[PDB]
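Given as structure tokens, the chain that follows is alone and in the form deposited in one PDB entry.
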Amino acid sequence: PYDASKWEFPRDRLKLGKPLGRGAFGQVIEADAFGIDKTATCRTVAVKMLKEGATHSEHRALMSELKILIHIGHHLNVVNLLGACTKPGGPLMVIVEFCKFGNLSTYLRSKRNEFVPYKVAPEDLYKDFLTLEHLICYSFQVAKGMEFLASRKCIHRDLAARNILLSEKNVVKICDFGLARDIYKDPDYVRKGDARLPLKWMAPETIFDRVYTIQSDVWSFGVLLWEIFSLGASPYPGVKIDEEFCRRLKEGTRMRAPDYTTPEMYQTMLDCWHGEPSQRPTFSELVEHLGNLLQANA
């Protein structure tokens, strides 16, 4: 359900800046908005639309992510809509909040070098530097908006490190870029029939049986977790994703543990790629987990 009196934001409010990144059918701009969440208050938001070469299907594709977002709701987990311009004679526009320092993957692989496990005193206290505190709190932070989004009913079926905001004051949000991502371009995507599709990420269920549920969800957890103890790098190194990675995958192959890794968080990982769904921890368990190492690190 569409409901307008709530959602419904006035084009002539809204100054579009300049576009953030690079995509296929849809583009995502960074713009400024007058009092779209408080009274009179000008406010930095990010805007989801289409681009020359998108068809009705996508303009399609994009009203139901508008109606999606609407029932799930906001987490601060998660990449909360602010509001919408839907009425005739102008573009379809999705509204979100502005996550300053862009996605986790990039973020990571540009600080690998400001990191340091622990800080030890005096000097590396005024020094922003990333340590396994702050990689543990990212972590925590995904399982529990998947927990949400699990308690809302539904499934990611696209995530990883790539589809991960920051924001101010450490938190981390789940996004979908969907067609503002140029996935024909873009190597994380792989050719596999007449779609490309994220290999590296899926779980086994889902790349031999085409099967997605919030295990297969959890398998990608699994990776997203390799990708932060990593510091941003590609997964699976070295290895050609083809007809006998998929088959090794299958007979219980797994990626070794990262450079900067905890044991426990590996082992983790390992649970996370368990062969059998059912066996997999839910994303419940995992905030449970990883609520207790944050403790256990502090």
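Positions refer to the first chain, counted from 1. If you superpose the two forms and keep the largest set of C-alpha atoms that fall within 1.5 Å, you have the rigid core. First, how it differs from the form deposited in another entry.
- Checking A150, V211, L76, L197 for C-alpha shifts of 2 Å or more between the two forms, after the rigid core is superposed, gives a single hit: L197.
- After superposition on the rigid core, the Cα atom of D188 is displaced by 2 Å or more between the two forms.
- Relative to the superposed core, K38 undergoes a C-alpha shift of no less than 2 Å between the two forms.
- After superposition on the rigid core, the Cα of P91 moves by 2 Å or more between the two forms.
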The other form holds:
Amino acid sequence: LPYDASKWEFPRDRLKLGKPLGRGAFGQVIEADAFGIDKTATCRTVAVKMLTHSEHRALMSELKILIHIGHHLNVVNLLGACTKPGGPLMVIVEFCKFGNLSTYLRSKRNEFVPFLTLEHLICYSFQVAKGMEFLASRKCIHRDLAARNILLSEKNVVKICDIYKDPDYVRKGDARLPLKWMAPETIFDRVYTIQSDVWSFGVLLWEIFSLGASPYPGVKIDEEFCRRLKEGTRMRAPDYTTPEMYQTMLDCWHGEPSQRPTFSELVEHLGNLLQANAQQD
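Structure of the form deposited in another entry, given the form deposited in one PDB entry:
Just the single chain follows, nothing else.
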């Protein structure tokens, strides 16, 4: 796709290198301080993804996809890039200072009461639905929608984002089993659609209302698990759910993709639950 450098290109000399945020198999991310990236005279912390032709192509692909998606409050947003010859290829996105939502909710289990409250949990759910409705409108499918892939920014705003680590330092929580988020049709027939994202969203809801527990507690994820899933077996309600939120999970887990709610429908419904939650008398 084309690249409008006027719109996106940011000077490398206006990025002050900061702390490493992670290296994966392909691409390392660092914090940086960017002067003037939003055209005002401010220094802003940002996250920078930086680097074979295959690797170059993949990072350039991410840049182009982000430009295509465009801007929404609840999707990690592209701020700029450094592509011109003479320095590394860099993709600059919004920094989310509080990390992923799964780990965060886990850390708050002794700081929750109906502190986190149902208002927070329903709000996070609503925001993710809003981000997914947006992505669906751009004809995108996420394919691994899970609380680990939702980052937490200031003022409780959550943002959707999209095997390598030294085993000496691996801790419980550092990995998850993506199979546990996959729709039956994605498991059995590698079918990914916006409606399989809705199934995943149901799992993400369960994560939120379990305050960051792993799905299908104690269940072995094998051919038997998969069989029971197709037949209709579902997770039980998590410990901090409301009845309405568990009903929504069940709806998202409809066995027929076309009978699951759409993200627009989930936005309307969750917005209603959220509004009802904070009403008077």
